[PDB]
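**Student:** Residue-level listing of the chains:
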Amino acid sequence: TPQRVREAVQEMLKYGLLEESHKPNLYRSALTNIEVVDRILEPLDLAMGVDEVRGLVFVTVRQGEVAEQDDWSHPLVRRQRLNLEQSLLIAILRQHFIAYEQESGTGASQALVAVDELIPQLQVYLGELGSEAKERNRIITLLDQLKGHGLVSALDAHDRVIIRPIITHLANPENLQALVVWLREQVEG
Amino acid sequence: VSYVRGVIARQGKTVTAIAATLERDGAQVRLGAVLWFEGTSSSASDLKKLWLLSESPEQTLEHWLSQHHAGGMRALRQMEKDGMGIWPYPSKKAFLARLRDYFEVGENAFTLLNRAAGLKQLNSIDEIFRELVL
Amino acid sequence: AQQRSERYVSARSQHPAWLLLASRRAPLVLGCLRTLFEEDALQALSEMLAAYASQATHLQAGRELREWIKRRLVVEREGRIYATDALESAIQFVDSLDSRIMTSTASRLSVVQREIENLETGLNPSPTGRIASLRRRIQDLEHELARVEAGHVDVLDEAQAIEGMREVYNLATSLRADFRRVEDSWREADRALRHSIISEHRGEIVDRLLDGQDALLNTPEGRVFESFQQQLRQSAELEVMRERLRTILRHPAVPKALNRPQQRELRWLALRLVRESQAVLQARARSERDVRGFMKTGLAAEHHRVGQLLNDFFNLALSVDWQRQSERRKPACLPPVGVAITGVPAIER
Amino acid sequence: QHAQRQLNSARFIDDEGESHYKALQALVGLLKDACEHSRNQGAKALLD
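Chains as they are written, first to last, in PDB author numbering: chain F, 48 to 236; chain D, 81 to 87, 100 to 226; chain B, 5 to 42, 51 to 67, 76 to 220, 223 to 371; chain C, 908 to 955.
Just chain F, same shape as in the assembly:
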């Protein structure tokens, strides 16, 4: 097995994804060896997802020959599940990412969002607390929880966060449709 393929596979397994704008060599190595990487990851019940438009390569749970697996009982998955509050915040962030990606052209940039923009839109649904410090603590805690899934970054000195492109593959229309169906079932009885 070639050294570069092994290095790229190990790095991707360690971090969970490869981005072209940060690790171009490994991204190119892993992009041109789809069959080899798939054969390597088959024994581990894992698969590789590709996105050439955004320059992204990520790792997902391989779909076996069972009607339902929940994809969270896989032995190698360490994170916890996502609850309703985090799903709501993810939906808000996905809307912001749509807005960012629509009005962009050729060139490299990043999606930055300030907390003060996020606070009122979440107040609309969750409600309102007395002091401002309470709401700031709530938002900071939620963003810290979301950082563990690799969806955002830590707060800057100017009180801003970066939205990672991987969210575009977490809230793709299929997953959104499934979530909407499930939530509609939950609400009506």
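If you are wondering where the hints come from, they were derived from the structure by calculation, not from laboratory data. Where is the CB? At the ideal position from N, CA and C, for every residue including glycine. It is possible that some hints are incorrect.
[What the hints assert, rightly or not] Computed, partial: chain C to chain F, Cβ under 8 Å:
(1) 912
(2) 915
(3) 916
(4) 919
(5) 921
Since the structure of chain F is provided, determine the placement of chains D, B and C on it from the hints.
**Tutor:** Showing chains D, B and C alone in chain F's frame:
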């Protein structure tokens, strides 16, 4: 500088760290600070500081010291990308703002707490109210 | 008469310039912004707002900057901030309160009369009238030449010279008024085109637009600017204009008519005009390139359907009870993506 | 109150104002219905 250099018991490259822990029913918070001197240039502008606010049970004083010993400053600021319950600040102003937001207090509670923590003698009522409370 | 009050109220509520003028911190914001266009914006704004307490600074600085960005007084493209026409209108109004050049003068009247004559003779198709006008003007010039040959050279007095210099400055300085207006006109065309592409997304429209080489983003201001910048390129007259300006600026009456900044502005007029005109075509080219890139990416239908699904989810989310911690922590239905493998616990093996 | 919450939530969509208009229409309709019959407990509970 006097506390770091033990005014002299320690000269040249040196490391100093402090921490304090607060607990409740089902939670824990830790406030810490790491200061260091690279060489013998004992000056106010040559002391390097970092402040830490943590909730994870894995963040201890020895862990911070090990990270500093292994990578200096970059290894300390790298802990924010490998964990969740850690917040480093290379600035006391933002650190104190975050601290006052965590415990929903005013901007003068800690100053008053510091004044009444070494008061020598209970003077006249007017003097006490005009010198300590206000 | 009644509709005018409604229009004024609407302009007060909506237009960015009046909102900026009526803002609480208008003077310092105006000064800082004008100094800038002559993060870093946030840092400088905080620095200026620091030593003006009188009447938590970094939080309100960012809040106000984002408020002005929302109001479209200033524009954020990728990570940079660019000025608009409303900001320049506000600056022009504010800085004209100190010194304004009079326009009720004799020189302006003569200019108006000559310009009206020129337009009226230019709109006339009949050749006989053109011949008559040419003969009359030639005869008048010949009469003036005959008078001059007798030793009757006319020279403007000091007051007339000062009036003429100030009027020439006032007329010449107005050629830069609408440079930001063209760019603002192109940006909204870009936005409208992108919205129409998304709402349609039909691939036939995108393919047809990509195939054609005809430039998009056409606006009424763009054609006027093109006509202006085409005539700006005829250097055979720009050189004469620059030489005449240099000759004019070497006159004893100049210090009494214009101060130092005005003399500098009149000194480098042609170079600055050409330099600033060349900086708008590049913006147009960049806008067109970005639009073509967005069209070639081909993710409009995904944006449309994800927006629809997000709207459905947000409508549904209003019917659950967010006040109970039990429901806020109920597990949802979302798959694991970007799985990071657990570190093998061999550690030291 | 539910209509007001919908109106508040509909202002964050970028549809060139279509969703905002649709959300405002229902609230204006509710106000019209309340004002039409100003001699009921339900209608007086809104505007009085």
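**Student:** Each hint: holds or not?
**Tutor:** Evaluated hints:
At its closest, the beta carbon of residue 912 (chain C) sits 7 Å from a beta carbon of chain F; the interface hint therefore holds under the 8 Å criterion. Using the Cβ-Cβ criterion of 8 Å, the hint placing residue 915 (chain C) at the interface with chain F is satisfied: the shortest such distance is roughly 5 Å. With a least beta-carbon distance of about 5 Å to chain F, the hint placing residue 916 (chain C) at the interface is held under the 8 Å criterion. A distance limit of 8 Å between C-beta atoms decides the matter here; for residue 919 (chain C) the minimum to chain F is near 6 Å, and the interface restraint holds.
The interface hint given for residue 921 (chain C) is met, as the beta carbon of that residue sits about 6 Å from the closest beta carbon of chain F, less than 8 Å.
The structure agrees with every numbered hint stated previously.
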